[PDB]
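The form deposited without the partner chain is given below as one chain in structure tokens.
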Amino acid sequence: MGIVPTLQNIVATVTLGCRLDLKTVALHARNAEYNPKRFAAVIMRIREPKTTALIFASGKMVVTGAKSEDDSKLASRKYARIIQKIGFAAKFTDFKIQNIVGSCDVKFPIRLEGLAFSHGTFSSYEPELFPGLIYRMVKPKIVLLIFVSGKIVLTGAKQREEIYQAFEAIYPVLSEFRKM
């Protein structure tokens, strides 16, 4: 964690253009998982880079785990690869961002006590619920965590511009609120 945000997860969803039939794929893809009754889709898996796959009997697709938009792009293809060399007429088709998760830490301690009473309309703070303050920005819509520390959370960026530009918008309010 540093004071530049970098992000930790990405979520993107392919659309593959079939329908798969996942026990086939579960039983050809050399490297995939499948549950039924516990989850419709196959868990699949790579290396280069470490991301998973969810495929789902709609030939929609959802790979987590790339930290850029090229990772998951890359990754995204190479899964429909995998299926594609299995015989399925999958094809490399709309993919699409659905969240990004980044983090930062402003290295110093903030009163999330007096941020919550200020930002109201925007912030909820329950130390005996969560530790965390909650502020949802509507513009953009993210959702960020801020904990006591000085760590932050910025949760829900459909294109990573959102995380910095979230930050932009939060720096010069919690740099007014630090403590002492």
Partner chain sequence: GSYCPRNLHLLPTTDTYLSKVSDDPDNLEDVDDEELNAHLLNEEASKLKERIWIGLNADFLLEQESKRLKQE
Contents of the next structure:
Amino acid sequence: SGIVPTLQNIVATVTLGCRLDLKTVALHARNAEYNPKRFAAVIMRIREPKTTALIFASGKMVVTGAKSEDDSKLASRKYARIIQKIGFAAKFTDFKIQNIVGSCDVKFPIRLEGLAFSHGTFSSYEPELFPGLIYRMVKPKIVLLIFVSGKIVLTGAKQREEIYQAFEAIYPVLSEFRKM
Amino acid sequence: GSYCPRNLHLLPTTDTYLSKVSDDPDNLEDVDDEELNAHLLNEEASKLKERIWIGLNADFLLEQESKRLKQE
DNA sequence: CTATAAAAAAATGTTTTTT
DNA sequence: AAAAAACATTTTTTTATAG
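Can I get the form solved in complex with the partner chain as well, since the one above is the form deposited without the partner chain?
All chains and molecules follow, beginning with the one already shown.
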């Protein structure tokens, strides 16, 4: 009603369109974790606009870290200046955002052992397994995590507007199920 | 609001937060700002990494050199 | 670690064809 | 049984959130 989910995390996928050798990429950068026995990728954890990414020897890194969409696009734009300024061709093609995450505090305790009754056709709650209540929403398909205190994780969607609808929709339900 | 519900497009869209950043796929030469231009170590500094990386991964490098033997 | 989701490509890990 | 080309998973990365 009066609250709107804060983007705490966005995933960005991007293609650079060239099978580029990892060996070299790492040995040219401040943030250079290549462990081919471990992960098959290089790890550059840039400072501004704050990410982590994961470059692949086919040329399609996994940029994870953004707080927004200004960041996530630039985050992945900054590995496109480094890999460029090293020795490779490699463009910036198809910036697709795979995931966005959300959160906030509805500022009151929320019962979960009863939510599993009414809206339990969408729900799965095992108390001592994971204190959260998992809400599988269909329209749109964004997964909510509803904790006892009243804090919600709204990971799932690829558009920001999507996520926000998932908060608005579940609200009159977060209001009905409470500890007065 | 607390009464009649939230208006759909009075909240920001991801698509306004993407169109805020440049789309040039070739000329990514608009995000250069020194700190970025400093994620690329020189000779003496790059030579030290290759030297250290080789040692940490001399584990990895032998199985891959033996993968060169199964391929011969 | 438990749990959500989301990409990605080396790699081993399963089920199932074709010898 | 056996060697084989077929699917499926374990790995990693971020981030908040709480038993």
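The term rigid core refers to the maximal set of C-alpha atoms that superpose within 1.5 Å between the two forms. Numbering follows the first chain given and starts at 1.
- Only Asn31, out of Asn35, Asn31, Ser68, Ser118, shows a C-alpha shift of 2 Å or more between the two forms on alignment of the rigid core.
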